[PDB]
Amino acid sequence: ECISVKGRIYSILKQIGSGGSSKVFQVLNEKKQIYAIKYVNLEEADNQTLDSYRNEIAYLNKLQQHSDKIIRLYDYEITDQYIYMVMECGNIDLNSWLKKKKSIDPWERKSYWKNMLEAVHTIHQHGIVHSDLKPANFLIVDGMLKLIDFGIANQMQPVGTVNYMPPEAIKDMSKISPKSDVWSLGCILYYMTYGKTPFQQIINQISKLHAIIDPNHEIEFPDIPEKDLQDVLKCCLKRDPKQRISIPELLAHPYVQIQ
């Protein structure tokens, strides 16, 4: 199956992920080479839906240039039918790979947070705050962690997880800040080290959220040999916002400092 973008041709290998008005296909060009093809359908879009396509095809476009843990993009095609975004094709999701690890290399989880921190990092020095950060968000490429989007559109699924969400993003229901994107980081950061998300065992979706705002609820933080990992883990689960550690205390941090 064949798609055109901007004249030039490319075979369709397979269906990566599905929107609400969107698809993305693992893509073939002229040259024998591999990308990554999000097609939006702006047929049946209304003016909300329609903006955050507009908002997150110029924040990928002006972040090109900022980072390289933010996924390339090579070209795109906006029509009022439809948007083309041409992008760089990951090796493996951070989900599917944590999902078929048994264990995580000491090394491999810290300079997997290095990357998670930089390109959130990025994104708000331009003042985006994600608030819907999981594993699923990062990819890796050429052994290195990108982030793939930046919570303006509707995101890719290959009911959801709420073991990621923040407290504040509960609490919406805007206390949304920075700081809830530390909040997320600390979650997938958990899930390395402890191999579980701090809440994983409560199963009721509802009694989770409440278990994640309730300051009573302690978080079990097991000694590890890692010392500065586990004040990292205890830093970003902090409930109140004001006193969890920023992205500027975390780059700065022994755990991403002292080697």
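Numbering follows the first chain given and starts at 1. In this text, the rigid core denotes the largest set of C-alpha atoms whose superposition between the two forms falls within 1.5 Å. What changes on going to the form deposited in another entry:
Relative to the superposed core, residue 55 undergoes a Cα shift smaller than 2 Å between these two forms. Taking the rigid core as fixed, one finds a CA shift for residue 14 of 2 Å or more between these two forms. Once you line up the core between these two forms, the Cα of residue 67 stays within less than 2 Å of where it was.
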The other form holds:
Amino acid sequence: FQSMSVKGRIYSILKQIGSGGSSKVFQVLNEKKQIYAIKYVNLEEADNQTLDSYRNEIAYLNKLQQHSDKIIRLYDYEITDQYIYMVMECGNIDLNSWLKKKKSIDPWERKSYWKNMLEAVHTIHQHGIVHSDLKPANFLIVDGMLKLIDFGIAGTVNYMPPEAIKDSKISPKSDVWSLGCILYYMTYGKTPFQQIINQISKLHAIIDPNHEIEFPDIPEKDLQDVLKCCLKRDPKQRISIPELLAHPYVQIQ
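Mind pulling up the form deposited in another entry next to the form deposited in one PDB entry we just looked at?
Below: the lone chain, stripped of partners and molecules.
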């Protein structure tokens, strides 16, 4: 019921989707009555290291615009010493809400979301970025299509690769492990160590090879292979994003 200006342009605030320290996202309308998400970050108690981290993520989001529509759109931003305003594409729902509120998934819809996850992450990898904290909440469904919102620059432990737990040690392969965990959720309705009540017992489970990960028989033997390949505990043995892109699973239907 109130307004904002970003680079000379006024936006009407429909509602706030999300709050935080010290940042917020509002769903907003421009003068053409087009819809956007505007993130606002308050820098009042933000330190130089923090500030640079933010400037860096903003820089890369802006660059990778050109290179793939599987990264969230940034149309504009206004940045001063007190705040940031980012004028971005508005999502329909984040992947995690979407999976939390889904009772199963269309095999095709899943395959199509995988293609998207791989394309976003493939991109950032091509520019030297390793997200290294990939979750469903890092993805947005926009008009049937999955988009990556964040680059890791600016549950928790479920999607964590074992090389982060033993940690000198982080490679693009760590992202593949984490994607692996997402698909697994989308295939089996849970992450690989979600059974493990206790969070230390989990951490030993994630890194211990005497712990066979289970992969129940399912109609799509390809999906089973992809999962078996991403979730190999040794990154050197694990599969690469560009290999995953040529795999029968994403290539044949």
